[PDB]
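Student: Here's the letter readout for the chains.
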Amino acid sequence: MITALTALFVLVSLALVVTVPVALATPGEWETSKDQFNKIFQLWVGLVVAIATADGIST
Amino acid sequence: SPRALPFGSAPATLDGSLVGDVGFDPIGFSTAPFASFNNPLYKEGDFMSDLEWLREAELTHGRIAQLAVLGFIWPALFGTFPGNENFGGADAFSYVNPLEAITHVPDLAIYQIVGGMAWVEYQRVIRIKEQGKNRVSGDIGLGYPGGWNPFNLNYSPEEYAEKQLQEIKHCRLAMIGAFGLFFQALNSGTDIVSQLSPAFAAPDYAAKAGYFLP
Amino acid sequence: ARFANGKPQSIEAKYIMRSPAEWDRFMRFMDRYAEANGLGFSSXXXXXXX
Amino acid sequence: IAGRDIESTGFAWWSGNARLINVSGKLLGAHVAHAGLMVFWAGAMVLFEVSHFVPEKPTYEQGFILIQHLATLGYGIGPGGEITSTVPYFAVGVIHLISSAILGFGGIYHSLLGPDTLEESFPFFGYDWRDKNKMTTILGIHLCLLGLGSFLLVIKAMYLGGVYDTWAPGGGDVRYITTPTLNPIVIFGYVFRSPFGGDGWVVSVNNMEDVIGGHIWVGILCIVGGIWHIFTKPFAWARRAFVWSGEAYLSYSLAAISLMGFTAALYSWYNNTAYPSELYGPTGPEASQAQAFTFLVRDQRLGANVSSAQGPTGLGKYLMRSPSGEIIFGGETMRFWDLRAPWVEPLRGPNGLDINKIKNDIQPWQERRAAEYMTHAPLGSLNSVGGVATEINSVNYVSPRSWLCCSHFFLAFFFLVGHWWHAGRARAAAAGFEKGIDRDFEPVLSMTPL
Amino acid sequence: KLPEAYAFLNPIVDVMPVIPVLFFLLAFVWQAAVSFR
Amino acid sequence: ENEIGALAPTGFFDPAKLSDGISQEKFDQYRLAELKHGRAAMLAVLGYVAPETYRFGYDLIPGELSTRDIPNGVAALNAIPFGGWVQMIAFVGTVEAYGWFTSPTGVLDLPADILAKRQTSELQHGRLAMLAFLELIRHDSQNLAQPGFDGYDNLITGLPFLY
Amino acid sequence: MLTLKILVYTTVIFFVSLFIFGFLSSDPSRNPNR
Amino acid sequence: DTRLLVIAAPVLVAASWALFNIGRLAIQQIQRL
Ligand code: CLA
Ligand code: CLA
Ligand SMILES: CC(=O)O[C@H]1CC(C)(C)C(=C=C/C(C)=C/C=C/C(C)=C/C=C/C=C(C)/C=C/C=C(\C)C(=O)C[C@@]23O[C@]2(C)C[C@@H](O)CC3(C)C)[C@](C)(O)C1
Ligand SMILES: CC1=C(/C=C/C(C)=C/C=C/C(C)=C/C=C/C=C(C)/C=C/C=C(C)/C=C/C2=C(C)CCCC2(C)C)C(C)(C)CCC1
Ligand SMILES: [Cl-]
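Protein chains in written order, with the working numbering: chain X, 114 to 172; chain W, 1332 to 1545; chain U, 279 to 328; chain L, 1392 to 1841; chain B, -6 to 30; chain P, 75 to 237; chain C, 50 to 83; chain Z, 15 to 47.
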C-alpha cells in the first residue's frame, strides 16, 4: 500500500504545484477559489499522515 | 508595563508608590489585600499601603540578602576568614565553605546575631507601630537625614532620590545573587573561590610543560 | 613556537608592554571623543553631528 | 509595473533584485523562498545518496557528501565506522523535502500576494534600514535562535544518543560525552592561538569534550548577546563608524560569511575529530604518514634494523628527529610531523614515536588501516580519474575532503569579492556619488595643486 | 538502496537533486517572457 | 454549555451526549470535578520529580521509617502503612472541609478578562497533568514488573540529568 | 632576542591601533560632500 | 530492457518541461507575470 499511497501523494503534489503558482499570480483568482485549495491542502496532509502511519506500522 | 513590555499590569498598580515602579507585577499580588495576613500586627489605622507593606518586605529581604552576599565572599576572599579565634580552629576561620561554617559555629554566636537582629526588628516594630503616615521602610533613625548614628546623613533630596534607587536596585539584584551563591555552594560542596580560581587558570592536565628550550 | 599560547604572549613583559601602545591610542582617541551620550542623527550613515 | 521596470526603478533587468531594497514584504518573500530552496536541496541530495548507496564500499569511496555528517551525528553507524542501516538518512531526507515544500509556498505567497511594505499593515515586522533599535532587535532575535541551535547540538551529543567519537577506547563508536570541558582558558585558547603550523587556530580541536564545551560556550554567548542587543541601542563609538543602510549590512554579512567559508574549507582538510577519517577518508598528511608507516613495517618484516638505516642523504629514511626533538617518520613526510591520528597514537610516547612499541607491539589492524589510507589519498582529477596525475585511469575516486575544501574555498573568496564590491557601493551611495561626479562640483578642482 | 517500498519511486529521486539549478534558469526564461523589461 | 473550557484544539470536545443535557445542571459539577482532578494530578507530577533529588529528613514512624529510605514511585504506596495513609488523608479531608492554610483566603482581584484567561489556562494545565500522571504510573508499574520491560530503566524517562 | 620580539610587538600594536582608531574616528563623515 | 533509462529520461523529462508549462499558463491567462 505504501508504494501506492505515495504514488498518489506524488500525483496530488504535482497537481497542486502546477496550479498554485498559476493561481496566486492571476489577479483575484485566489480568493474566489480558496476553499477548494484548503480542501486539497487537507487532503495532502492527510496523505502524508497516512504514509507515515503505513511505514511505522510496517516496521 | 515596560518591564513586562507586551503586558498589562494590575488595574491599579502605581508608578510612583515605590521607586521600583517599572510596572513589573505579572501575577501582581499587589492587587490582593496584602493586609495583616494571618494577623500581621493589624492596625486598621494608617496601616501604610498594602503595596507599601510589600515594599517594606522586599526592602528587608534585599538588604539582608545583600549583606549575605558579602558574607559569602569575604569569609573566603576578603580577610580569608579572619576568625583569629583564641582556640578551636573548627567553628572559626577553618570552615571557609559557608554551609560548613554554619555547620560548625556554636550556638553562642548564633544566639548573638539572633538577638542582634532581634533587637533590630524590635526597634523596627517600635518605630513602625507608631511610624504611620509614611512608614518609609520603617526608616526611623537608621542613617536617616537626622542620622541617628555617626556621620549623620548629609545629602540632597535629589541625591536622596538617587540613593533610594541605589538601595532598592542593589537589594533586588542581591536577592538574585544570594540564591545564586547558595545553590552554587550546596551543589558543589565548595566555596566560590574554588571554582572561580581553577576556572581562571589552565588545567594541570595540559600545560605544555615549560619552556625548557635551549 | 608551536606552543599554542594565548595570543602569543610568552613573557609577562611582552603583554605588559603591548599594553601601553593600545592604551596610548585609547587616550589620544578619548581626547577628541569624551562626554558623548546622545545626538542620534537617525539617517543613512550621516554621523554629521560631531 | 511600478517597481518592476528600469524606468520606475532605475535598475536594469540583470541587476533586478536591487529593486527590493526598499520593499519589505517582497524581500521577505524572496528570503523565505531561498531558504526553502536550501532545504529542498538538502533533502533531495540525502535521498539521492541513499538511493545510490552500496554497502560494500566505505562512504568516502562512493562520492558521498551528506551521509558523512549524519553518521558523525551518530545515526546508523556501528563500531569502526561501519554503516548498519540507512533508514534515519531517508527519514531526514523526507522531512527536509516536506519542510521545503512548506517554505517554498510561504516564500511564493509573500513575494506575489503579500503586501509590498510590511510597515503599514504590520507595524512589528516593518523596518527602515535607518533606525538602529529595530535592526538590533532582529539581530538579537536571530542570535537567540542560533544559540538555541548550538544548545540543541550539545544536548544531542550529551543526552540524545551521543555522537561518533574516533578517539573512543576500543575504536570509533557512538558514545555519550558525559564531562565536557568548561574551562574558559582551554576553550578560548583555540580562539586566541596562532593560525600557523603546529597551532591550527580552530581546526586543531582534538577530543569531543572540547567540541562540546566550545558549543556550550558559543550557545551561552549567543543567548546573552541576543538578549543584550534586543534591549540596548548602539553606542556612540559604534554610531559614527558604521554605514547604516541595507547594502552595508549585506556587505558586513558577506565579509563574515567569507571568513566562515574559508575556515570551513580549511577545517575539512585537516581535522580528524569532527571529520572522522573512516567517513571522509584520510587527510592530506594522513596519507603520507600512512605510506611511511606501511613501508616501515614492510621493511621491518624482512629483518632490517629500523631506526638505524641511514637514508640517501644520511638523514634517516624511517625515523627522524623533529626540529623540536620529537621522533617522527622520515622522508618528505617530515613536514607533517604535527599529525595525530587514532591509529598512530597507540605508538606515540611522551618522547614521540616510541621505538619499543614499533619493534614489538605492532597490530594487524593498524597495518590494514595504513594500507587502505595510502591506497586512498586525497589525490584526483576533475574527471575523477584518481591517483597521481601521471597514473592511468582504472580507479575512479576523488576524496570528499578535496571536493569540500576546493568548493568552499572558491565560494569563500568570491564572497570576499562580494564584500568588497558591496561595501564600496554602499559607502558611495550613502555619501552620494555612486552615479557620477557632478560636472559642476568636481572636488578635484577645489583642491590645492601638487 | 532505498527501502523496498520506494525502489519503484527511485527514478524521481534520480532527478530530484538537480531541480534547483533549473529554478535559476526559470528566472531567466521568465525575464525573457516579459521582454527583459 | 459552551462556557469556559474550550480553545483552539476543540470548540467543545464532547464526542458523546455527555455535554448536551443537564445544561448548567451537571456542567458546573463537572467543572468542579475536572478542576479538582487536574490540580491534584499536577501536584502528583511535582511529587514524583521532587523526591528524586531532595528529601526531607523526617522519621514518619519515630525511631525508624525515615523518608530518606522509603522508595519513590508506586512502591511508597505498598510501603506507607494503611492507617498511616488513612491519617494523611484524614488531614487532607479536614483541609477540604476547613480550608486550613493552603491559601485559606486571598485570591486578589483579577478583572474578569484576565480572570477568565487564568481559569482557562488552569483547566488546560491540569488536564495535561492528568495524562502526565498516567504515563508516569504506567512506566513505573511496567518496570516494576520486568525490571526494564519498557527499556529505559531510570524512573523519570525524560529529565535524564536527574537520574 | 626577547628584546627584538618586544620591539616588534610594540611596532605592530602601535600601527594596528593607529589603524583601528583612525577608522573609528568618524571616517564616513570624512567625504567630499560634507 | 534498461528500464532504468526509460525511467530516468522521462522523469527528467516531466520535470524539465513543468516550470515552462507554468510560464505558458501565466502568459496565456494574462497574468501579472
Ligand atoms: C532565489 C532567487 C530569486 C528569488 C527568490 C527572486 C524573487 C523576486 N524577484 Mg527576482 N531575479 C532572480 C532571482 C530571484 N528573484 C534572478 C536570478 C534574476 C536575474 C534574471 C532576477 C531578476 C528580477 C527582476 C528583474 C525583478 C525581480 C523581482 C523579484 C520579486 C518579484 C518577482 C515577481 O513578481 O515574480 C513574477 C513572476 C512570476 C509570477 C512567474 C514565476 C512563477 C513562479 C513564482 C515560479 C516558481 C513556481 C514554483 C516552481 C512552484 C512551487 C509551488 C509550491 C507550492 C511548491 C521577488 C521578490 C521583481 C521586483 O523587483 O519586484 C518588485 C523584478 O522586477 N527579479
Ligand atoms: C547573499 C549574498 C548576496 C546577496 C543577497 C546579493 C544581492 C545583490 N547583489 Mg550581489 N554579489 C554577491 C553576493 C550577494 N549579492 C557576491 C558574492 C558577489 C561577488 C561575485 C556579488 C557581486 C555583485 C555585483 C557585481 C552586483 C551585485 C548586485 C546585487 C544586487 C542585485 C543583484 C541581482 O539582481 O541579482 C541578479 C542575478 C543574476 C543576474 C544572476 C547571474 C548569474 C551569475 C552571473 C552566474 C552564476 C553561476 C553559478 C555559480 C553556476 C552557473 C550554472 C550554469 C553553468 C548553468 C543585490 C542587492 C548588483 C548591484 O550593484 O545592485 C545594486 C551588481 O551590479 N552583486
Ligand atoms: C549610620 C548608619 O548606620 O546608616 C547606614 C546606612 C547604610 C545604608 C547601611 C550605609 C550604607 C551603605 C551600604 C551598607 C551598602 C551596601 C551594599 C551592598 C552590600 C550591596 C551588595 C550587593 C551585592 C549584589 C547586588 C550581588 C552581587 C553579585 C552577583 C549578582 C553575582 O553575580 C555573583 C556571582 O556569584 C555568582 C552568583 C556566581 C559566580 O560564579 C559568578 C558571580 C561571582 C559573578 C551606611 C553608609 O553604612 C550608613
Ligand atoms: C519568487 C520567484 C522565484 C522563486 C521561487 C521559489 C524560490 C520557489 C521555491 C519553491 C520550492 C522550494 C518548492 C518546493 C517544493 C517541494 C515539493 C513539491 C516536495 C514534494 C515532495 C514529495 C512529493 C516527496 C515524495 C516522496 C516521498 C514522500 C517518499 C520518497 C519518495 C518521494 C521523494 C517521491 C523565481 C526565482 C522562480 C522567479 C521570480 C519569482
Ligand atoms: Cl618520502
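Careful: at least some of the hints might be erroneous.
[To be verified] Pairs of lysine to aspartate or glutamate residues, derived as DMTMM-like cross-links and limited to a Cα-Cα distance of at most 25 Å, are as follows: (1) W/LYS1539 with L/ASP1601; (2) B/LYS(-6) with L/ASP1601; (3) C/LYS54 with U/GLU290; (4) L/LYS1748 with L/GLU1763; (5) L/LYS1547 with P/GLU77; (6) W/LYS1460 with W/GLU1383; (7) B/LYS(-6) with L/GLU1452; (8) W/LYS1494 with W/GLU1375; (9) U/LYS285 with U/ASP302; (10) P/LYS110 with P/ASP227.
[To be verified] Examples of chain C residues toward chain U, derived with CB under 7 Å: (11) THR52; (12) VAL57; (13) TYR58; (14) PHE64; (15) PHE70; (16) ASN82.
Simulated from the structure, these hints should not be mistaken for laboratory data. We put the beta carbon where it would ideally sit given N, CA and C, even for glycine.
Student: Taking 25 Å as the top limit, are the C-alpha atoms of L/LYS1748 and L/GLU1763 close enough?
Tutor: Holds, at roughly 22 Å.
Student: May I ask you to test the interface hint for C/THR52 with respect to chain U, counting a Cβ-Cβ separation under 7 Å as satisfied?
Tutor: 10 Å, violated
Student: If you draw a straight line from the CA of B/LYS(-6) to the CA of L/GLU1452, is it 25 Å or shorter?
Tutor: Within the cut-off at roughly 16 Å; holds.
Student: Going straight from one Cα to the other, do C/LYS54 and U/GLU290 come out at no more than 25 Å?
Tutor: With a Cα-Cα distance of about 13 Å, the restraint between C/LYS54 and U/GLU290 holds, given a limit of 25 Å.
Student: Would you mind confirming whether the straight-line C-alpha gap from L/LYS1547 to P/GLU77 stays at or under 25 Å?
Tutor: 43 Å, violated
Student: Classify the hint on C/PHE70 as holds or violated, based on whether any CB of chain U lies nearer than 7 Å to its CB.
Tutor: 5 Å, holds
Student: Let's test the interface hint: is any C-beta of chain U closer than 7 Å to that of C/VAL57?
Tutor: 10 Å, violated
Student: Between the alpha carbons of W/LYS1539 and L/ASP1601, is the straight-line distance 25 Å or under?
Tutor: 17 Å, holds
Student: Tell me if C/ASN82 is really an interface residue toward chain U, meaning its C-beta lies closer than 7 Å to one of theirs.
Tutor: This interface hint is violated because 11 Å lies over the 7 Å limit.
Student: Given the proposed pairing of B/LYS(-6) with L/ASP1601, does the C-alpha separation stay at or below 25 Å?
Tutor: Not satisfied, since the Cα-Cα distance of roughly 36 Å exceeds 25 Å.
Student: Given the hinted pair U/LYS285 and U/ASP302, is their Cα-Cα distance within 25 Å?
Tutor: 20 Å, holds
Student: Regarding the pair W/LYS1460 and W/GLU1383, is the alpha-carbon distance no greater than 25 Å?
Tutor: With Cα atoms ~14 Å apart, W/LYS1460 and W/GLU1383 stay inside 25 Å; holds.
In the structure shown, a violation is registered for the earlier hints numbered 2, 5, 8, 10, 11, 12, 14, 16, in ascending order.
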